[PDB]
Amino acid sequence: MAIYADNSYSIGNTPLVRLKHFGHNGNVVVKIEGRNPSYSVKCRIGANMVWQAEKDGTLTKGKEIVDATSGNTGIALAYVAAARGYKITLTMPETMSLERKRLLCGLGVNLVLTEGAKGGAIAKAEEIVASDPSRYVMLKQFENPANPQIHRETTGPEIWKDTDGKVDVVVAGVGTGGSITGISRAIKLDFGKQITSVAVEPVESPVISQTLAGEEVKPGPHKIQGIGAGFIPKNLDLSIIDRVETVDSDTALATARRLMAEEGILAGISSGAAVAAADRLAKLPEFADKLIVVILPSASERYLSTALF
């Protein structure tokens, strides 16, 4: 029967909701990844990175997990570690919301946080696994192929299924790049439909836009938690990206607030950025009758400590 053996197996099957105050006559639909265990899209890769490491034998009983996170991946790995019986240590920038810090400790993580100015998180972590290489396993979400793979296997197929194959555009903020990569691979390659894959990054740190334009790559600070890593991650397949949209922090925050107040959707800051980007495309006659699906990575209550509220 439909009873999951632990909480890691209950990932996904998140709903699509049509927006009423964005887009043009309902052409913008949002995928609410806040409806997940640990309540972000990252639960998917928290699960699959652990499952994969188990299956190639890098993760065994007694081995301790390590990775670097801006929060949600950390919370995701923590619920999976707790559910499946692993010890776990994580690194994070000091500047991430208190909520992230708060429940990571409740989930029983040995927590380790780094200089906010350095973003830095990736650095010490590696320095930590070196301490006893067969004690610790680093899962490395920015380059681990188990990250986009679970999106190719679940998130993309769900989108295809729930839109009855009518999806024309996928809009997703880029952090690790796993979401837009896996989803795009599923729909374009597995189901065969030539959609428009749209990456979203902060205008303050538009390193994807700069790279593709062959300009000076200049990362910068921003408030859009979860995206804008300030470099091109290995798990972002540039070859499958058709378009890059930049969004500023203010507009991202205002849009998240609008999602709450006008749509009754409890979205996080990066969800506001993705919808703002989607709304701009949706109001181009060229997309005015395409079906645009927007990933909403996380939920509101994870950001009560931030500018969102």
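Heads up, when I say rigid core I mean the largest set of C-alphas that superpose within 1.5 Å between the two forms. Numbering follows the first chain given and starts at 1. What changes on going to the form deposited in another entry:
Compared between these two forms on the core, the listed residues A267, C43, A282, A68 keep their C-alpha shifts below 2 Å, save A68. When two forms of a protein are overlaid on their rigid core, residues whose CA moves 2 Å or more are considered shifted, and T95 is one of them between these two forms. Core-superposed comparison between these two forms: the CA of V112 exceeds or equals a 2 Å shift.
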The other form holds:
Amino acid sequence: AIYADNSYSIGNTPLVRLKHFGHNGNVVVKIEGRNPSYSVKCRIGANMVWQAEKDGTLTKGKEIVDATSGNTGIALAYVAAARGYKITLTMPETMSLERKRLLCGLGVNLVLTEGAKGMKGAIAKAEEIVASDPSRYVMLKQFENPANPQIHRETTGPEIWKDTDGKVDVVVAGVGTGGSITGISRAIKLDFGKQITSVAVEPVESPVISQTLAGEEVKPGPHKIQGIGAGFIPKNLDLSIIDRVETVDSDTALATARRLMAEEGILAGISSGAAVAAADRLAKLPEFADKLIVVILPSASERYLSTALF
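The structure above corresponds to the form deposited in one PDB entry; please provide the structure of the form deposited in another entry.
Shown next is a single chain and nothing more.
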């Protein structure tokens, strides 16, 4: 069809079989880089806006405010532009020029915060802006907004179901907000009724899901796997649908993403390397020899040109 605006064009991302990972083609990847603003977050950018419209929290002339300049910030920026909303994004002044320019190109009102305060400063500035005129501004809150996992339940999950003819046995997904693994798992287990294995992936450097489920001290840590490992259990992570948690280290995530490019011709981001490293480990267990493993690849390589990936 013809999409009325770019937000409606989200999803329908392809599945590609891996040749150099898994065993006898049991690993398949879903390429979320193929989206209106080139990441998985495009889906949630669209649906959080759409849900806010439907429930009347977002109306003509209201302005979107947030403190993300990662994938969600970019997603919200294209959606705001596509649907005629003003948007302010707060970010620490030490963020890259490439990111400032991208966000400015998408028509965002960028508010740079104190380098010394990091993300906390940007989040406070955003919260402050909203507090100043609550009726003018709306903050969509990706970590708790149910419209996040809902879009994955309505689109991402059903796409996996349909493109595999229901043969999917395992879903492997890195956890940032938890929305992807939550929505996809609820779709396949509840709407389609199939008892798959849902595998959350997190950094070995910040393995808070692992620690939580073991009843151990929760000790977040720094890592390089952008987009995952938030260091807390987000509200949009439904632990009741998680079967297994795999930890992956930053270096192996990076090396794996490099292999995806050089050996498969897949321009994957860092967290995609992490998800595949986790999937490859399960795929080489005799228990998953005859199991179809589907892995979410959240983003695309060129967004990482200035990073350790290259």
